[PDB]
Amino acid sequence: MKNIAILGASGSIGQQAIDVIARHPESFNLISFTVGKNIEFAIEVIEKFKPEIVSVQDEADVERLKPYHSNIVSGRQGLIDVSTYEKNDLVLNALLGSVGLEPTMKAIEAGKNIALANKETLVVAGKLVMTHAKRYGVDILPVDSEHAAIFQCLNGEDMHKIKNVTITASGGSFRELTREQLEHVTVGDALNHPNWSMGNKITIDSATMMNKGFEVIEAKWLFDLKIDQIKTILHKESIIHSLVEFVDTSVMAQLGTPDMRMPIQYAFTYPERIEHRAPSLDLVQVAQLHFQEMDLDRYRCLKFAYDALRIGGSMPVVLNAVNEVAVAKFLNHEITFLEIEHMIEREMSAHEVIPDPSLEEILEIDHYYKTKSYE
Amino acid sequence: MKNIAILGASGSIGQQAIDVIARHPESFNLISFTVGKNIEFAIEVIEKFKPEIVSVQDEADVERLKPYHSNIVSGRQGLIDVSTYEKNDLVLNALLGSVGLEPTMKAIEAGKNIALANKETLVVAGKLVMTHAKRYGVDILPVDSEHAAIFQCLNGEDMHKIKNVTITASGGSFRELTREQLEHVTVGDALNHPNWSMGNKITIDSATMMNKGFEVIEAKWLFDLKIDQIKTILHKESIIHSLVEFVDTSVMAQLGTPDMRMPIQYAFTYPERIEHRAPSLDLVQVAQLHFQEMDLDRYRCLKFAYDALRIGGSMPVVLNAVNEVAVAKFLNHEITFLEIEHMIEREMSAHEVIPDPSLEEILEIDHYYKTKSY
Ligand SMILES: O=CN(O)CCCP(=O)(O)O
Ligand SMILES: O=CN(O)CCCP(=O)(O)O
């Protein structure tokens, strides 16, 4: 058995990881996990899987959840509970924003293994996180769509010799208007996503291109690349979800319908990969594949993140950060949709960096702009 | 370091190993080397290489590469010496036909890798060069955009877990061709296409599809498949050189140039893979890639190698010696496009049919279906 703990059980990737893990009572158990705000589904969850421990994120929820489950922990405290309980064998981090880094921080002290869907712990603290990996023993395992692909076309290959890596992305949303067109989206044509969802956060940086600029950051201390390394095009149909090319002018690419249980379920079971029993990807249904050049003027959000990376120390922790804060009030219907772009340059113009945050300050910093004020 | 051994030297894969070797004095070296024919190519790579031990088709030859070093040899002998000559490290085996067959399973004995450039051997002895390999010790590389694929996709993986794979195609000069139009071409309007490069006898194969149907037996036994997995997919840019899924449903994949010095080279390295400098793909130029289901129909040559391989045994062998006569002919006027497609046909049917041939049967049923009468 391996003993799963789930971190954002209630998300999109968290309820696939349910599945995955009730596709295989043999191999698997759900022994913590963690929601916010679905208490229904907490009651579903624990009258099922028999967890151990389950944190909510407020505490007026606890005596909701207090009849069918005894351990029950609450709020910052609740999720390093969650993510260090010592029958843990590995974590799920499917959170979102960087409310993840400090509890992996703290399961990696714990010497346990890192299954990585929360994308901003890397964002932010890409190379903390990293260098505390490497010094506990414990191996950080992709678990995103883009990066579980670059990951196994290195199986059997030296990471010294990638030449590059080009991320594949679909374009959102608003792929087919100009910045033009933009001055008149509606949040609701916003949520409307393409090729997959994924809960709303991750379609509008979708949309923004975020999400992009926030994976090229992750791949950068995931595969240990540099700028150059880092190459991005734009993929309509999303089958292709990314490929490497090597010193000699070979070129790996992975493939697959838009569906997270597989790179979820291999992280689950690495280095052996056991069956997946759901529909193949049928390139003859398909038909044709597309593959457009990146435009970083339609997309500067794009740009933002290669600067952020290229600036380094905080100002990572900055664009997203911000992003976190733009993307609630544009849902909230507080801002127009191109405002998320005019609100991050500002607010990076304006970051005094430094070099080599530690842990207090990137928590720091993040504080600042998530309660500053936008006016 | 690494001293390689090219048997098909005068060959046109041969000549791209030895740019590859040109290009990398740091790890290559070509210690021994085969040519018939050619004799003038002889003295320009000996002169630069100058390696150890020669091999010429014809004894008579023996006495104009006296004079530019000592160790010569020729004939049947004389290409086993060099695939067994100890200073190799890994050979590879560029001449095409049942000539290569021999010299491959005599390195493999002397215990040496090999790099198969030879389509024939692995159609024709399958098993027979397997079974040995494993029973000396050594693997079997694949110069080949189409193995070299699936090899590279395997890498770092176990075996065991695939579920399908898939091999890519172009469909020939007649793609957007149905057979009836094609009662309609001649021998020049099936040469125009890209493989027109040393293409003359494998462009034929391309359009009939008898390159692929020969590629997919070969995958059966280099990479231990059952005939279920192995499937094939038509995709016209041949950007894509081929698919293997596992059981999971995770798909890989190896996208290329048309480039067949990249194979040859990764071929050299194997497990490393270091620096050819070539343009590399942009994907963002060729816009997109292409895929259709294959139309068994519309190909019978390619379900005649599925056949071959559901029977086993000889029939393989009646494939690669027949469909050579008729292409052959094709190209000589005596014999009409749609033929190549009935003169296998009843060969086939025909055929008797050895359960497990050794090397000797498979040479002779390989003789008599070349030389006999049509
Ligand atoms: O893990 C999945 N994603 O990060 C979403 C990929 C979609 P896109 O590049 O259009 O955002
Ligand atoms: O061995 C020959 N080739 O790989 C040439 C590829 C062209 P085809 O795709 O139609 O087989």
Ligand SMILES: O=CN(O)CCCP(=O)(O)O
Given for the second form:
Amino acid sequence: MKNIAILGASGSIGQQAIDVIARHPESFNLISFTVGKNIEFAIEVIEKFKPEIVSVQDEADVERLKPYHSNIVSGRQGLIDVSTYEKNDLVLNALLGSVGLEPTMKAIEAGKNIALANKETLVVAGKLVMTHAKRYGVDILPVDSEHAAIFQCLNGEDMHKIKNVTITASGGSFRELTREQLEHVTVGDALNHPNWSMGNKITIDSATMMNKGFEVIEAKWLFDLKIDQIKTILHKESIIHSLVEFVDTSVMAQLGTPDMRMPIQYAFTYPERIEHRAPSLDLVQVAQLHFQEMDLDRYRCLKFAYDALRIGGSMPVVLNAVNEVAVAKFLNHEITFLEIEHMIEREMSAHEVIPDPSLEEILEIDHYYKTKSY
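Which structure goes with the form solved without the ligand, now that we have seen the form deposited with the ligand bound?
No partner chains or extra molecules come along with it, only the chain itself.
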């Protein structure tokens, strides 16, 4: 019976993680969690799971929870109180943005294994986080589909025997379009009404392939890979999630339909597996699987993520921050779709690279590109 902490429990992944806990009261206990401003959700979680400590973003909201619980904290410190809570066995960091960076580091220092649902953490601070995890002897477990897949291919294997790792990609919303059709695509072409659904930024990143770019960067640090060991391939059906070729030329692959709960539960159970009630993949129904060569002239954003790996240092911090700014301009109809990549490329070209930047320089650089004039 292991104690789970959830940072950012009211977001989409946090809620799926709570469902996993609810579906296995025999194996998991929610010992601690945080929310931003969704106090009603914190209330329902407290009554159902009786965590031992809970954090909110605003000091002002602590009084709302006092009638329900004896130990409420708030603010930037409250994330640390929760992430370093001494009864935690595993800390799921499903915070979005740079905010989850500090709490992860302090959790590692306290000796807690981390489940990362936060893509920024290893994109902007991959070296920093992984060296810290190795020094303190904790595991960084992915709860993302491609990294979960790679993680399962390497279970029981010696990392030194890896020849290379291939991440699959759908091709995104616009995969069917000609490169010239891409000169005329509108945000409407990617999203019918932005306010209907969640995941708008993520849809854009998948259409530009920045999403796969970020996953290449994370994989490089998560599994301590050389840059020329990390490959991609276009895979229309997204049934095969990743492949690993070993030095004997044997290739392991992880396959599945897209249930986002499976990697969450795997992170909670690793190295065990427990039952998950869900339909099984049926390859006879799938019938065919397609593969074709990644085209980096078309998906230039993925090319930029490899550039940020080659250059290293603070360059992936710039890539992530400017991508966030550019996708938001795109969503609010200020720039064309192809202007996303020119904006990123222009900012990358002018950036003066910093070392090996520290945690506070990473935050500085992140804030600068988010808030500068364009």
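Positions refer to the first chain, counted from 1. Rigid core (definition): largest C-alpha set, two forms, superposition within 1.5 Å.
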* Just one of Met198, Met294, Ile140, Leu243 has a CA that shifts 2 Å or more between these two forms on a core fit; which is it? -> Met198
